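Colleague: The residues making up each chain are set out below.
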Amino acid sequence: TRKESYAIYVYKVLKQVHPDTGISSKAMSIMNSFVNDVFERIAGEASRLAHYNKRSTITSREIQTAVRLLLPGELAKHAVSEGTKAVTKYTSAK
Amino acid sequence: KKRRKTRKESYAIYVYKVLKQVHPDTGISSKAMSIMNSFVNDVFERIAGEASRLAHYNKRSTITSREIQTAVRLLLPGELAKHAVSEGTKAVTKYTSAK
Amino acid sequence: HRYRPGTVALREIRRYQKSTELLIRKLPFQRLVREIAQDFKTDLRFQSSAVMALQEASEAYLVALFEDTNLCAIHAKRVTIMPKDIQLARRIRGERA
Amino acid sequence: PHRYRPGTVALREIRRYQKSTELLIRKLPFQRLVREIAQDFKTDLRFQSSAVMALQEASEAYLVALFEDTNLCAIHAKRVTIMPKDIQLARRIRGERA
Amino acid sequence: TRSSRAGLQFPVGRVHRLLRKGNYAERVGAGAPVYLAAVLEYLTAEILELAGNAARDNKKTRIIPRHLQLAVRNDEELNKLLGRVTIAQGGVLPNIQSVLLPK
Amino acid sequence: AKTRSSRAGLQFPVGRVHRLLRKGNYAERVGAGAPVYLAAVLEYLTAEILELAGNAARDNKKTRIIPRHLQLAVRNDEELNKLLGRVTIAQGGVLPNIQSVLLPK
Amino acid sequence: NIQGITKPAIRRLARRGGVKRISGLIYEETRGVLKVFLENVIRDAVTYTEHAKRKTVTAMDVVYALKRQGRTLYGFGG
Amino acid sequence: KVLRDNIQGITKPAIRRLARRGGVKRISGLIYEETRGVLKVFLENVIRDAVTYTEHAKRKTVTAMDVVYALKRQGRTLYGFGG
DNA sequence: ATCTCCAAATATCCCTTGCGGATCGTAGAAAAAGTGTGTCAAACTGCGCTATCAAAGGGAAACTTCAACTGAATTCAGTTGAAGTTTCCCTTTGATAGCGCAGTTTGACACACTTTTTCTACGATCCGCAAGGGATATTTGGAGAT
DNA sequence: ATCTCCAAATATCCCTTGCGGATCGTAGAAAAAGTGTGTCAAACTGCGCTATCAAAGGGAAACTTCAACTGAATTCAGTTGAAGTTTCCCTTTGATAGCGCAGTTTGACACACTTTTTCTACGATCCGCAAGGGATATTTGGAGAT
Ligand SMILES: [Mn+2]
Ligand SMILES: [Mn+2]
Ligand SMILES: [Pt+2]
Ligand SMILES: [Pt+2]
Ligand SMILES: [Pt+2]
Ligand SMILES: [Pt+2]
Ligand SMILES: [Pt+2]
Ligand SMILES: [Pt+2]
Ligand SMILES: [Pt+2]
Ligand SMILES: [Pt+2]
Ligand SMILES: [Pt+2]
Ligand SMILES: [Pt+2]
Ligand SMILES: [Pt+2]
Ligand SMILES: [Pt+2]
Ligand SMILES: [Pt+2]
Ligand SMILES: [Pt+2]
Ligand SMILES: [Pt+2]
Ligand SMILES: [Pt+2]
Ligand SMILES: [Pt+2]
Ligand SMILES: [Pt+2]
Ligand SMILES: [Pt+2]
Ligand SMILES: [Pt+2]
Ligand SMILES: [Pt+2]
Ligand SMILES: [Pt+2]
Ligand SMILES: [Pt+2]
Ligand SMILES: [Pt+2]
Ligand SMILES: [Pt+2]
Ligand SMILES: [Pt+2]
Ligand SMILES: [Pt+2]
Ligand SMILES: [Pt+2]
Ligand SMILES: [Pt+2]
Ligand SMILES: [Pt+2]
Ligand SMILES: [Pt+2]
Ligand SMILES: [Pt+2]
Ligand SMILES: [Pt+2]
Ligand SMILES: [Pt+2]
Ligand SMILES: [Pt+2]
Ligand SMILES: [Pt+2]
Ligand SMILES: [Pt+2]
Ligand SMILES: [Pt+2]
Ligand SMILES: [Pt+2]
Ligand SMILES: [Pt+2]
Ligand SMILES: [Pt+2]
Ligand SMILES: [Pt+2]
Numbered sequence: 033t034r035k036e037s038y039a040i041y042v043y044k045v046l047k048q049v050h051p052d053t054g055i056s057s058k059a060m061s062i063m064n065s066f067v068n069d070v071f072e073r074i075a076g077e078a079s080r081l082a083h084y085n086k087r088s089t090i091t092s093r094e095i096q097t098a099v100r101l102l103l104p105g106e107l108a109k110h111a112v113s114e115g116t117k118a119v120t121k122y123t124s125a126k
Numbered sequence: 028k029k030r031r032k033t034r035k036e037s038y039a040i041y042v043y044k045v046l047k048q049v050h051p052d053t054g055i056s057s058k059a060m061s062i063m064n065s066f067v068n069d070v071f072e073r074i075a076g077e078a079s080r081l082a083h084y085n086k087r088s089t090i091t092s093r094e095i096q097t098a099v100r101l102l103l104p105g106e107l108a109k110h111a112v113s114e115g116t117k118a119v120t121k122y123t124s125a126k
Numbered sequence: 040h041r042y043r044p045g046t047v048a049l050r051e052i053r054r055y056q057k058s059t060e061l062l063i064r065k066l067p068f069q070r071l072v073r074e075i076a077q078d079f080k081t082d083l084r085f086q087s088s089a090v091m092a093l094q095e096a097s098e099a100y101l102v103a104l105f106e107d108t109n110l111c112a113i114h115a116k117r118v119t120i121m122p123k124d125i126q127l128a129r130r131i132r133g134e135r136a
Numbered sequence: 039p040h041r042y043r044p045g046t047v048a049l050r051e052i053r054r055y056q057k058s059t060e061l062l063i064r065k066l067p068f069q070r071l072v073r074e075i076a077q078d079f080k081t082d083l084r085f086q087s088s089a090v091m092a093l094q095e096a097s098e099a100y101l102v103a104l105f106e107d108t109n110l111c112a113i114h115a116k117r118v119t120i121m122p123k124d125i126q127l128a129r130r131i132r133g134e135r136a
Numbered sequence: 017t018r019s020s021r022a023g024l025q026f027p028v029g030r031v032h033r034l035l036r037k038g039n040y041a042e043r044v045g046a047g048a049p050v051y052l053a054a055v056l057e058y059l060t061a062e063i064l065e066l067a068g069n070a071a072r073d074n075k076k077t078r079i080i081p082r083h084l085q086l087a088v089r090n091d092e093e094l095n096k097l098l099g100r101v102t103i104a105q106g107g108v109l110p111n112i113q114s115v116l117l118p119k
Numbered sequence: 015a016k017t018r019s020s021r022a023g024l025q026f027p028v029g030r031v032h033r034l035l036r037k038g039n040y041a042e043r044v045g046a047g048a049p050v051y052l053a054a055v056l057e058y059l060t061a062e063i064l065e066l067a068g069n070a071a072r073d074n075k076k077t078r079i080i081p082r083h084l085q086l087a088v089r090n091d092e093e094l095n096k097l098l099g100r101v102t103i104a105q106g107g108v109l110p111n112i113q114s115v116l117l118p119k
Numbered sequence: 026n027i028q029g030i031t032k033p034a035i036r037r038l039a040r041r042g043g044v045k046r047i048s049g050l051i052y053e054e055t056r057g058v059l060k061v062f063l064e065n066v067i068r069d070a071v072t073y074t075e076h077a078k079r080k081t082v083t084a085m086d087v088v089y090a091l092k093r094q095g096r097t098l099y100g101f102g103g
Numbered sequence: 021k022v023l024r025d026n027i028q029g030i031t032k033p034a035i036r037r038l039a040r041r042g043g044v045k046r047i048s049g050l051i052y053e054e055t056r057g058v059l060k061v062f063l064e065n066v067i068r069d070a071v072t073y074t075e076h077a078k079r080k081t082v083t084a085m086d087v088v089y090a091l092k093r094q095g096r097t098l099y100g101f102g103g
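Residue numbers (the UniProt record's numbering), protein chains in the order written: chain C, 33 to 126; chain Z, 28 to 126; chain B, 40 to 136; chain E, 39 to 136; chain P, 17 to 119; chain S, 15 to 119; chain W, 26 to 103; chain V, 21 to 103.
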């Protein structure tokens with residue numbers, strides 16, 4: 033049966049950032065843990081936010097304030113800006 | 028009337044019933060009532076939270092009394108866990124008796 | 040008549056470990072909360088209970104920290120709490136790197 | 039015959055073990071301990087070899103971190119030597135009980 | 017009411033609604049609210065039991081926050097359960113370290 | 015432009031992130047921008063760690079990234095270190111570090 | 026404002042804490058520590074406020090914020 | 021066959037090596053039994069939860085994911101074995 | 001100050017594997033496209049409660065006075081843990097084979113959900129009265145002096 | 001070890017206010033009923049976990065010797081605490097001014113759902129080859145010794 037993983041996307045991003053560099057299989061496993069880990073923390077807090085505010089839906093707004101709550105200072109700024117910029121670009125299409 | 032001042036919902040009256048059951052000549056201040064109301068919500072979430080994860084982990088779509096039970100075993104320390112599993116199993120035995 | 044150094048102290052300890060009253064004066068503390076909030080978002084109000092919440096949380100925190108700091112002091116055969124005690128307390132807690 | 043001063047080999051060992059990442063507890067001993075403990079909770083349990091490896095990774099991590107904190111407690115008391123009361127102090131402040 | 021069929025004071029129907037609204041899972045079995053209500057009831061029984069006694073020991077007929085704090089901190093297992101909780105207006109257990117006392 | 019990643023300008027997979035938000039019981043409904051914003055955030059953080067681990071592999075004369083490089087990366091960076099303050103990277107070791115008083119005098 | 030948290034107040038706190046003798050440098054340190062604490066919680070409390078599109082920090086916004094820092098508080102809407 | 025006294029498998033050299041990684045220069049003789057106590061309490065707690073996860077799955081084999089979930093529960097998240 | 005020597009670092013060759021870059025063929029999942037439907041954004045509104053104010057007294061915070069006792073430095077001796085040596089246990093490695101059981105598969109259905117009418121528990125609002133607050137006196141448990 | 005002397009504890013009475021019962025009215029729980037689909041029981045299976053064995057050898061245990069660290073003992077400048085006088089601001093009380101939170105109504109639109117078309121990503125597999133990593137020898141930085 034199929035085992036889903038972020039390994040391909042992590043390679044892609046690794047090639048952009050360090051184009052002559054490889055990643056060992058354990059190292060990849062950690063990266064895959066990190067991504068599921070962070071996904072969980074963000075979707076979790078976003079979920080609380082919508083409940084706290086009597087709302088049925090998770091929107092990029094909740095993801096945003098979940099990010100502000102979870103990521104430390106400078107990392108929240110850049111991720112907020114990488115995130116809004118991707119949504120803008122995405123709407124600008126279809 | 029017409030404009031209704033909303034409606035807060037607590038466990039205050041069930042907590043009061045149980046307090047009678049165990050201390051008939053004892054009563055409870057509204058501040059302490061508020062504390063017990065927090066406790067119940069706090070524990071409800073801690074439990075329902077684990078159950079929810081247990082259901083996900085095991086690729087199932089339902090929170091049954093089996094998940095509540097093991098949620099409880101994960102959440103509560105030694106003797107509290109043992110008693111809580113009694114009172115819970117017993118209530119379900121009894122509830123499904125009644126028809 | 041003089042009480043020896045340490046005796047009124049021990050009396051104070053007994054008194055406060057018996058009461059539940061907040062030990063910081065309400066108004067200075069309220070000004071502090073508003074000063075701080077102001078640095079994050081301007082033009083903000085507070086439900087009275089929220090400041091209350093913040094003062095309960097703040098004091099429980101500090102009281103619990105002096106317990107920890109006090110132990111570190113004793114660990115070093117001392118009786119006086121010093122900054123190095125709070126610093127170690129906070130480090131071992133993982134509050135501080 | 040040559041003889042290093044006490045502390046010299048200790049310092050060099052700290053360097054060696056801080057450079058590297060291998061598990062420091064022996065593998066068969068550790069697995070026997072896990073099985074013993076598992077058993078007191080439930081007879082007839084089996085273990086994926088990687089379940090034991092996860093446990094060992096978590097346990098070496100926990101203890102290495104605890105010794106870091108124990109050392110800070112020894113140094114705080116103007117000693118260089120870790121002692122039972124240092125760990126007890128570290129564990130109390132960390133909020134670990136039992 | 018399902019509460020009576022189960023012998024409980026705590027509201028089996030509400031606990032059931034609250035489980036469906038909290039997005040815990042797609043579906044909620046019929047046994048699950050009962051068992052949860054039962055556990056909620058057991059634990060609130062267990063606190064008030066000890067808190068009551070603390071009101072006695074302190075010569076009062078009304079439980080206040082400080083009795084909840086004494087109930088809790090004097091009981092090993094609840095102390096654990098509420099390790100990361102502060103009870104507003106509870107204060108602390110009287111404790112003074114040996115070495116601080118006079119000989 | 016077919017896929018929602020391409021549309022958004024992303025390597026991380028908007029389609030997969032959408033599905034996991036839905037099948038994870040976070041809320042009844044999931045807005046259109048949410049998995050986009052979230053895939054963007056997941057991609058940024060992985061790029062920031064891989065960047066920093068990359069440097070670490072190179073400083074240790076190495077071409078391929080291993081868990082010790084991730085560990086050195088995370089703990090030498092004040093902010094990643096905080097984000098993962100309660101995390102254990104299997105096979106990472108610790109930072110080299112010896113308190114002063116223990117050095118030979 | 027941080028000097029509103031006065032020396033005698035910090036002493037009372039330290040006494041509930043079980044402290045007999047207090048070095049004079051302790052009163053500044055505690056002020057530093059309380060500021061860091063209050064900042065972190067208020068930062069998050071305000072985050073929750075902004076998200077609800079409100080201008081008033083509520084008791085719940087605080088309770089939520091203390092829950093996030095792993096410091097659950099009972100008695101205000103928990 | 022009966023399993024007894026296995027915490028003595030955690031040897032004196034092994035505890036010393038862990039202290040070294042932790043920067044410890046001098047170790048008092050009483051440390052080794054304190055360390056066994058601590059490790060034992062640590063493992064009893066994680067394993068207890070791992071085994072509950074296992075019993076819930078109606079399984080007899082404890083998996084990496086039961087351990088990974090147990091550690092997450094204790095607030096000691098582990099990367100490198102799933103999740 | 002200068003030599004001696006030990007363990008870690010560097011240099012050499014060889015070889016195993018785990019990786020990254022293909023090419024593949026193939027299940028499942030993303031997207032495209034259509035349609036049914038409920039969430040929530042706005043706009044308008046009442047009033048709950050936050051902010052503010054003005055004063056006045058009371059007690060708390062600040063500042064001052066003194067010396068008790070604590071923390072920090074110095075010195076030292078017995079204790080104790082580090083370094084190194086020797087002996088041999090037992091862990092590691094590599095392969096084996098038996099099989100216990102994890103995880104996939106498949107039909108039958110109990111069981112949760114969803115919709116709609118009836119029954120009713122629990123929230124809101126009210127306030128008399130006693131549990132507790134506060135004020136004053138009297139007792140008791142200790143501290144500090146001689 | 002015995003007398004003087006505070007502050008906390010206990011006793012006691014009179015005032016204040018929030019408990020906790022009672023009244024009333026609705027939002028939600030219960031009953032009844034048609035609906036499908038996740039769960040469960042039961043059959044079948046081969047990954048991989050347990051068990052064993054055998055050989056090699058890396059590392060643990062137990063031991064001697066002694067360097068140096070721990071902690072007991074002593075000294076004392078000085079930093080605190082206790083208590084007195086002085087200065088300042090916090091808490092209470094009584095509203096009045098109005099912000100903005102949250103109640104109500106609604107339809108436009110956005111997201112769910114379900115079917116068909118399109119292609120991404122996973123599992124299975126080979127391959128150039130630099131990356132390692134190991135076994136074997138040598139050189140090297142510096143601790144300790146002469
Ligand atoms: Mn009773
Ligand atoms: Mn046993
Ligand atoms: Pt609330
Ligand atoms: Pt997994
Ligand atoms: Pt491979
Ligand atoms: Pt590969
Ligand atoms: Pt297909
Ligand atoms: Pt469409
Ligand atoms: Pt509609
Ligand atoms: Pt005055
Ligand atoms: Pt005065
Ligand atoms: Pt001293
Ligand atoms: Pt000596
Ligand atoms: Pt010895
Ligand atoms: Pt040795
Ligand atoms: Pt076989
Ligand atoms: Pt099965
Ligand atoms: Pt079927
Ligand atoms: Pt009375
Ligand atoms: Pt009274
Ligand atoms: Pt009284
Ligand atoms: Pt007396
Ligand atoms: Pt007396
Ligand atoms: Pt005396
Ligand atoms: Pt009231
Ligand atoms: Pt109605
Ligand atoms: Pt209704
Ligand atoms: Pt089906
Ligand atoms: Pt079916
Ligand atoms: Pt041999
Ligand atoms: Pt050998
Ligand atoms: Pt050897
Ligand atoms: Pt002196
Ligand atoms: Pt002096
Ligand atoms: Pt001074
Ligand atoms: Pt008005
Ligand atoms: Pt307005
Ligand atoms: Pt609004
Ligand atoms: Pt409508
Ligand atoms: Pt090479
Ligand atoms: Pt190499
Ligand atoms: Pt090599
Ligand atoms: Pt040299
Ligand atoms: Pt030298």
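Honestly, the hints are just simulated from the structure, not real lab data. We treat Cβ as the ideally placed atom computed from N, Cα and C, and that holds for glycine. Watch out, some of these pointers could steer you wrong.
[Said to hold, decoys possible] Once the Cα atoms are required to be at most 30 Å apart in a straight line, the calculated DSS-like pairs of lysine-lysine come out as:
#1 B/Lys57 with W/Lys32
#2 P/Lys119 with Z/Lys58
#3 W/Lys32 with Z/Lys109
#4 Z/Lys58 with W/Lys92
#5 E/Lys57 with C/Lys35
#6 S/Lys16 with E/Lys57
#7 V/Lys32 with Z/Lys109
[Said to hold, decoys possible] Derived coverage of chain C by chain V (criterion: at least 3 residues anywhere in the stretch with Cβ under 8 Å from a Cβ of chain V; other residues may be distant):
#8 55-62
#9 65-74
[Stated by the list, open to error] Derived list of chain S stretches under chain E, where covered just means 3 residues or more per stretch with a C-beta under 8 Å from a C-beta of chain E:
#10 46-53
#11 91-105
Colleague: Against this structure, judge whether each hint is valid.
Modeller: Right, here's what the structure says about each hint:
1. Taking the CA atoms of B/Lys57 and W/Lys32, the gap is near 21 Å; set against the 30 Å cutoff, the hint holds.
2. Note on P/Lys119 and Z/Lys58: the hinted pairing is violated, with a Cα-Cα distance of about 41 Å set against a maximum of 30 Å.
3. With a C-alpha separation of about 48 Å, the suggested pairing of W/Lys32 with Z/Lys109 is violated against the 30 Å cut-off.
4. Pair hint Z/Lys58 plus W/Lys92 holds up; C-alpha atoms about 20 Å apart against a cutoff of 30 Å.
5. Restraint check: the Cα-Cα separation between E/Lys57 and C/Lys35 comes to about 34 Å, which exceeds 30 Å; the hinted pair is violated.
6. Taken as a hint, the S/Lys16 and E/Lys57 pair is broken in the structure, with Cα atoms around 48 Å apart against an allowance of 30 Å.
7. Pair hint V/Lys32 plus Z/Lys109 does not hold up; C-alpha atoms about 38 Å apart against a cutoff of 30 Å.
8. For the region 55-62 of chain C, the proposed coverage by chain V is satisfied: 3 residues have a C-beta within less than 8 Å of a C-beta in that chain, meeting the threshold of three.
9. By the rule of at least three residues with a Cβ nearer than 8 Å to a Cβ of chain V, the coverage given for the region 65-74 of chain C holds, with 4 such residues.
10. Remark: the region 46-53 of chain S is not confirmed as covered by chain E, as 0 of its residues place a Cβ nearer than 8 Å to a Cβ of that chain, below the required three.
11. A stretch counts as covered by a chain when three or more of its residues have a beta carbon under 8 Å from one of that chain; for the region 91-105 of chain S and chain E the count is 3, and the coverage holds.
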